[PDB]
Each structure stands twice: as structure tokens, then as C-alpha cells.
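Student: Go by the hints and put chains B, C and D with the ligands onto chain A.
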Amino acid sequence: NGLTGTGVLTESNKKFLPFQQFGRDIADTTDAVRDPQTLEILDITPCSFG
Amino acid sequence: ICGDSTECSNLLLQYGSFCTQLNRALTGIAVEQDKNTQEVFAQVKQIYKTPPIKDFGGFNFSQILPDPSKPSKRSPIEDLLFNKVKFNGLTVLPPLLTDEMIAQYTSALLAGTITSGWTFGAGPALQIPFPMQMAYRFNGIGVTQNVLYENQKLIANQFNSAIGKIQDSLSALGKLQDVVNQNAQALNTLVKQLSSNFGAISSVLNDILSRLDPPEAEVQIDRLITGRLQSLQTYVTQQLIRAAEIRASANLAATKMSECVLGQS
Amino acid sequence: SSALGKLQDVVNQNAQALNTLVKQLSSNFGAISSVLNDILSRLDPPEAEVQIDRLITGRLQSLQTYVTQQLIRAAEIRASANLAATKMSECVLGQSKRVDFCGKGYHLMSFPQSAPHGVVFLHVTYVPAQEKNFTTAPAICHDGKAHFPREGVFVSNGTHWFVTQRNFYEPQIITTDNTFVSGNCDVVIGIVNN
Amino acid sequence: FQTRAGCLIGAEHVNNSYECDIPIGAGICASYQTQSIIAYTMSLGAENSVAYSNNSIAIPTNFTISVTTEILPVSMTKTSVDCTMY
Ligand SMILES: *[C@@H]1O[C@H](CO)[C@@H](O[C@@H]2O[C@H](CO)[C@@H](O)[C@H](O)[C@H]2NC(C)=O)[C@H](O)[C@H]1NC(C)=O
Ligand SMILES: *[C@@H]1O[C@H](CO)[C@@H](O[C@@H]2O[C@H](CO)[C@@H](O)[C@H](O)[C@H]2NC(C)=O)[C@H](O)[C@H]1NC(C)=O
Ligand SMILES: *[C@@H]1O[C@H](CO)[C@@H](O[C@@H]2O[C@H](CO)[C@@H](O)[C@H](O)[C@H]2NC(C)=O)[C@H](O)[C@H]1NC(C)=O
Ligand SMILES: *[C@@H]1O[C@H](CO)[C@@H](O[C@@H]2O[C@H](CO)[C@@H](O)[C@H](O)[C@H]2NC(C)=O)[C@H](O)[C@H]1NC(C)=O
Ligand SMILES: *[C@@H]1O[C@H](CO)[C@@H](O[C@@H]2O[C@H](CO)[C@@H](O)[C@H](O)[C@H]2NC(C)=O)[C@H](O)[C@H]1NC(C)=O
Ligand SMILES: *[C@@H]1O[C@H](CO)[C@@H](O[C@@H]2O[C@H](CO)[C@@H](O)[C@H](O)[C@H]2NC(C)=O)[C@H](O)[C@H]1NC(C)=O
Ligand SMILES: *[C@@H]1O[C@H](CO)[C@@H](O)[C@H](O)[C@H]1NC(C)=O
Ligand SMILES: *[C@@H]1O[C@H](CO)[C@@H](O)[C@H](O)[C@H]1NC(C)=O
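For the protein sequence lines, the chains are A, B, C and D, in the order given.
Under the authors' numbering, the letters of the first sequence match residues 544 to 593, in that order.
Under the authors' numbering, the letters of the second sequence match residues 742 to 826, 854 to 939, 944 to 1037, in that order.
Under the authors' numbering, the letters of the third sequence match residues 939 to 940, 944 to 1135, in that order.
Under the authors' numbering, the letters of the fourth sequence match residues 643 to 676, 690 to 741, in that order.
Only chain A is shown next, with the shape it has when bound in the complex:
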């Protein structure tokens, strides 16, 4: 719903507050989201590179 990105999505085990959509890291990069339809938290890890 607006957050555009790339990466691997994985089942999370963090708990947002029930009005927060996505989570950010220190240095300010999106690293978790909440699925609008089912309302579950998913981590966003980058696509392997090197």
C-alpha cells in the first residue's frame, strides 16, 4: 500500500503496536512491514549480492 521495495519476505516474531504499519532500523531503512489484509508482521531482508 505505498511501500515500494525489493527483497526476501519472511515470517516475523516482532509485535508492532496496533496502529503501526512498518518498522525501520537505525540508519533508517525499512526492515519490517505489516500485511494489510491478514495483519501479520513480515521481515524484509535484502537480495543476496556480493
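Derived from the structure by calculation, the hints contain no laboratory data.
Some hints could be false.
Claimed, not checked - Simulated DEER-style distance windows between Cβ atoms: (1) A:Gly-566 with D:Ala-668: 30 to 40 Å; (2) D:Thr-732 with B:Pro-986: 20 to 30 Å; (3) C:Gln-1036 with B:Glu-1017: 46 to 56 Å; (4) D:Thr-739 with B:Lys-825: 31 to 41 Å; (5) D:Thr-696 with C:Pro-1053: 36 to 46 Å; (6) D:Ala-694 with B:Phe-970: 38 to 48 Å; (7) A:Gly-566 with C:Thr-1027: 51 to 61 Å.
To be verified - Looking from chain D toward chain B, a few residues come up when the C-beta cut is under 10 Å (computed): (8) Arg-646; (9) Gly-652; (10) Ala-653; (11) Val-656; (12) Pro-665; (13) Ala-668; (14) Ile-670; (15) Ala-672; (16) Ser-673; (17) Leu-699; (18) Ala-701; (19) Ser-704; (20) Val-705; (21) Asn-709; (22) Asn-710; (23) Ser-711.
Just so it is clear, CB atoms sit at the ideal spot from N, CA and C, and this is done for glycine as well.
Tutor: Structure of chains B, C and D with the ligands alone, referenced to chain A:
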């Protein structure tokens, strides 16, 4: 700079070899960090071992000899010292020497000194009893060598108490800490500089790109490119200035290891 | 005749930078061409200012990057020359006692030779060889007194006791000319009777 | 072959240990010896065992005169630019 997008890569291709220079600059720094460590620690031909006894004239080196009941085989004081100190294109390479290897170089330097004095630093290691080596060293500071043999027990007790006080004074390392930090904080600024527009509409290369058409978007993408390239040049220039300061320090360490550990100054 | 990589390295780094400086005179930096005779031929003066400024900014950036990296490379050549000046003083016009400063071994003497942008030192050192073991004592007890060597070590070939100098084996009879006395022979640990 | 520094393809891993030739990382080097390319853990150096005792000494009976070289850069090339002409 670009980061995934493709409208950015063709525009950045117009700047020449600015990115090749920066990668060369950073690679030179990384190759210098292994030579720093080779010059300080790999100052010994053989890997020397202490004998299974510890009859050293009443001198007790147990807190600085390696600990056989460990995977790392560090000493007690080296264990005290080690408990006190993916992104947008960023990567950390590992050092060539593990610190098991570094601890193995240091223990061999130690066993060379305790068993042969200063002879292993000038050629083949020639054993000498530790009390007699201590008496040679008392001559080097201008004291007559019976002052050592008539006071051996007192001198050994004073050494042992002074070695005991060092752990208490340990369990300081702000220099190394300073180093470590100065680098993490400069790497955090480079990542934080990616959320700035530099005078474009936004700072995210898609929203600029899916809300304007090419002629209009290329103008903003060039501003983003200019800002992000300036940030990277600032970063690399400061890493170059900070590595020359670390090299002057490793050079002082190499001279100390030669002149204070492999000889008497 | 059959190793000068430091000198080579220096002589090279500079050429690689000077070539990168010239190879930047053929980038657009976001302009219609890289030639001023092409922006001054298919653009009117009000439109060629905007295209000339894009080249000016890029070329200034590239020249200033060249000048920063030369300052940083010269500060490193300066420290090397400062070390060479100290080695010429301490290894060529003297004999050094510092360990591993004028070669590996015991420094005897040094000779300088000039090189393209530097200097070669030839270090002549002494290295001991072909060691034997003997047995030692710290002192000798005799007439109730303890004797210590004036400038050597007491050694034993199995049955007899001599004095040598510490770096070269040359045994001598223990006399009152190469030893001195201090104390009685019950406080030193390891005294032998002789 | 998996390394602490990444995945290596086209070299075989041996169990010997030599002096480092081409540095891979985390203690691993490569060489063209056994041919092909191999991996392993570098060697710190030989192994010397001093026969230390509470009444033993070793004394040299001979010597060698050795001479070695040391190379140092003192200068680099003096260049000038003319900003306006560049
Ligand atoms: C929106 O509708 C979908 C279905 O259209 C809901 O999904 C259901 O979620 C519950 C979880 O509590 C599941 O047990 C159901 O099986 C789901 N249904 C389907 C068809 O998958 C979703 O929960 C709705 N949104 C909200 C906020 O409730
Ligand atoms: C060398 O010194 C250490 C002290 O740092 C000695 O180890 C301690 O010895 C005391 C008694 O003398 C014990 O109470 C401690 O528990 C010991 N600490 C240990 C073992 O970690 C050690 O014995 C000394 N070496 C010799 C040969 O006496
Ligand atoms: C000095 O004496 C020692 C004691 O024997 C010699 O060291 C031993 O040498 C033998 C044969 O080389 C080895 O097998 C032992 O492992 C050595 N260490 C011991 C016994 O602790 C040494 O060779 C002698 N040095 C010289 C120069 O003759
Ligand atoms: C230790 O050295 C002494 C040398 O003073 C040896 O004793 C002499 O040996 C020569 C030749 O064998 C004899 O002619 C002398 O009579 C010996 N005595 C003296 C007082 O000179 C002795 O053999 C050596 N010991 C060992 C184990 O090599
Ligand atoms: C070194 O010489 C002294 C004096 O010749 C020895 O001292 C004598 O030792 C014997 C045996 O222990 C005693 O019976 C005498 O009373 C001692 N005399 C004196 C004046 O102390 C000494 O033992 C010798 N050391 C060795 C290792 O043989
Ligand atoms: C000390 O070492 C030298 C070698 O550096 C020995 O001299 C050599 O002796 C062998 C055999 O006699 C000759 O083949 C060589 O030509 C000699 N070398 C030189 C440079 O002349 C010398 O004999 C040794 N001295 C002792 C006492 O062992
Ligand atoms: C040396 O150690 C031996 C044990 O083998 C002991 O008998 C002797 O008293 C010791 N001597 C000295 C001088 O430490
Ligand atoms: C190397 O030695 C280990 C010993 O644990 C052995 O298991 C392994 O098979 C050896 N590797 C090769 C290639 O022989």
C-alpha cells in the same frame, strides 16, 4: 548511488571514471591493513614453545602464557583484553590472519624471550637460564650483577606482585575503542545521507520516477546523483586521511616490538 | 642482475593518476558533447552558457580530486624520506645498537647506493653460527668466597670450568684477573665448587 | 569450497599448509601447485624447540658475515597544471 534503478545507471555513466577511482582508493586501504599486522606480529622465524616445566628462577609467567584449556588458546590477560573492546553496497572483508594466528605469534615471541633472551632476534635461539639472563640485563642498565643474585627472591616477588596488579588495574583501552568508533560513526553518516533530496522533489529514486516523465525526471535524478557522489567522496577522503594515521601507529608498534621485546633499549 | 617494487609502485601510482586526469577531458557530465567548439557551433550564446557550466563543474571537480590525492601521497613519500635520512645518519655515519634497524643480525656497517627516486642501503651484519651446549653456573665458590666473571660466562666442558665471552667460544682458565669477589658462597643459588 | 570469505570455485582444498601465495582471506590462501588451484590454511612458520634447562647454555663457535638490501623512496615527480588551459 543509483541502487537498482536503471535510469540512474545510464546517467551516472556520463561522469567518467569517478567510481573506479573510489574503489581503487578503498582497496588500497584494505590491502594496507593486512601489511600493518604482518609487520607488527610476524617478526619471528619459528614458532617457539616453552618447556613443560616452569623453573624460571622464581619468576612466574602464568598469567601471560597461553591457556591450554581454550579453543582460542589465549592467555589470561589476553582474555581480559578481548572482553573490554548487509546494506546498500557496503561490505566488510575479514582479515587475512585470524586472531588465533595472532595469539599464536605472540605466544611464540614470548617463549623466545623467556628461553633465549635476545639471541633469537639476531639469529638462532640460544638457551640461557632465566636468572643469568636477568643478570645480563642488570649489567645493561649499569648495575653490577651480584646485586641480582643476592636479591633474586625479592626481585622475583616484586615482579610477581607487579604482574598481579595489572589484571586488577584492567578488570585504559580507550585508544583502540576510539579507533573502532571513529569508523562506525563515519559509516553511519554515509547511510543516513541517502535520505536527503539535495534539492529534488524527493529522495527515493522510484517516486521521482513514477510521478514524472523522463525529460522532467532526469533533472531531479541528476541532483540526487550529485549529492550522493559528493557524500561518497567525503567518506573516501576521510578514510584515506584516517588510514595514514593508523599506519604511523603500526610503524611505531613494529619498532617497539623490535627494540623492546627482541632487545634491551 | 637476475625486487625494486617499492620504487616501481611509486613511479606507477603517479602515471595512473595523470592518465585518469586526461581521460576526464572526454566526458560530458550531462552536456551535449565534450568539445567546446561543438557547443559554440550548434547553440546560441544564451543556450551555450548552460552547457558550458556543466563541463566547468565536472572538470573543476576532477582537477581538485587530483590535487587532494597528491597531497595525501606526498605526505607518505615525506615520511619515507624522513626515515631514509635517519638511516643515513645512524647506519652509514655510525654503528647502531637498535635491534633490526640496520639489517638483521648485529650491525657492523652500511653502504648507500642511489636509485631512480630513492636509495638502497647495503647492510653488513654479524651473525653467530654453529652453537654448542655447555653447563653453566652463576658464580664459583672458593675459600668461602663467591666469584663472578668480569665480562663473561662460566662454562663447563663436562669436567673442567672456564670463562668465555658470551658471543664467541674462547675458553680461559678462571683466575683472579677475570673474576671479582663479593660475599660468601651461601646466598647465591647455583654456586659450584672450583 | 566454502570459506569464511565466500564461495570458491575451481580450486581444490588440500590438508597441507604452505607459506601464503595468493591471499584469499580469513587464513586461507591459494596457489598453483597441485596442476590446478588449491586452498588451505597458511603457515605461521617452522617449529623450533629450545632445549631450555636451569643450568644449560648454548654458545656459538663460528659466524657468518651477511649483507642485505633495503630500498626506500625519497621523491616523486614534480608536476604542474594550468587550471585555465585544462
Ligand atoms: C479481509 O478479508 C479477508 C478475506 O477476504 C480476511 O481474511 C481472513 O482472515 C482470517 C484471520 O482471522 C482467516 O481465518 C480467514 O480464513 C481469512 N479469509 C480468507 C478468505 O482468506 C481478512 O481478515 C479481512 N480483513 C480484516 C481486517 O479482517
Ligand atoms: C603464578 O601465579 C598465580 C597467581 O596469579 C598462581 O595461581 C594462584 O595461586 C594461588 C595460591 O598460590 C591460588 O589460590 C589461586 O587459585 C591460583 N590461581 C589460579 C590457579 O588461577 C600460580 O600458582 C603461580 N605459579 C606458581 C608456579 O606458583
Ligand atoms: C643441546 O642439548 C639438547 C639436549 O639434548 C639437544 O636438544 C635435543 O636434541 C635431540 C636431538 O636433536 C632432540 O631429539 C631433543 O628433542 C632435543 N631436546 C631435548 C632433549 O630437550 C640439543 O640438540 C643440543 N644443542 C646443540 C647445539 O648441540
Ligand atoms: C675439557 O677440556 C680439557 C682441556 O683443558 C680436557 O682436559 C685435557 O685434555 C687434553 C687432551 O685430551 C689432555 O692432554 C690434558 O691432560 C687434559 N687435562 C688438562 C688439565 O689439560 C678435557 O678432556 C675436556 N673434557 C671433555 C669432556 O671434553
Ligand atoms: C663445596 O665446598 C664446601 C667446602 O669444601 C662444602 O662444604 C662442606 O660440605 C660437607 C658435606 O655437606 C660438610 O660435611 C662440611 O661441613 C661442609 N663444610 C663447610 C665449611 O661448609 C660443600 O658441601 C661443597 N658443595 C658441594 C655441592 O659439594
Ligand atoms: C667456520 O666456518 C667457515 C665457513 O664459513 C669454515 O671455513 C670453511 O671450511 C670448509 C672446510 O674446511 C671449506 O670448504 C670452506 O671453503 C671454508 N669457507 C671459507 C669461506 O673459507 C671454518 O672452517 C669454520 N671454522 C670452524 C672453527 O669451524
Ligand atoms: C635445578 O633443578 C633441579 C631439578 O632437576 C634441582 O635439583 C636443582 O636444585 C635446581 N638448581 C637451580 C640452581 O635452580
Ligand atoms: C583432512 O584431514 C581431516 C582430518 O580430520 C580428514 O577428515 C579429511 O578427510 C582430510 N581431507 C582430505 C582432502 O583428505
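Student: All hints are to be evaluated individually against the structure, with a verdict given for each.
Tutor: Verification of the supplied hints:
| no. | hint | result |
| --- | --- | --- |
| 1 | A:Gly-566 with D:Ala-668: 30 to 40 Å | holds (33 Å) |
| 2 | D:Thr-732 with B:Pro-986: 20 to 30 Å | violated (46 Å) |
| 3 | C:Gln-1036 with B:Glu-1017: 46 to 56 Å | violated (33 Å) |
| 4 | D:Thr-739 with B:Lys-825: 31 to 41 Å | violated (57 Å) |
| 5 | D:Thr-696 with C:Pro-1053: 36 to 46 Å | holds (41 Å) |
| 6 | D:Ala-694 with B:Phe-970: 38 to 48 Å | holds (46 Å) |
| 7 | A:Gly-566 with C:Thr-1027: 51 to 61 Å | holds (58 Å) |
| 8 | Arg-646 | holds (6 Å) |
| 9 | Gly-652 | violated (20 Å) |
| 10 | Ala-653 | violated (17 Å) |
| 11 | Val-656 | violated (18 Å) |
| 12 | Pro-665 | holds (5 Å) |
| 13 | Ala-668 | holds (4 Å) |
| 14 | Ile-670 | holds (9 Å) |
| 15 | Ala-672 | violated (12 Å) |
| 16 | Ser-673 | violated (15 Å) |
| 17 | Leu-699 | holds (5 Å) |
| 18 | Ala-701 | holds (5 Å) |
| 19 | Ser-704 | holds (6 Å) |
| 20 | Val-705 | holds (5 Å) |
| 21 | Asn-709 | holds (5 Å) |
| 22 | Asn-710 | holds (6 Å) |
| 23 | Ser-711 | holds (6 Å) |
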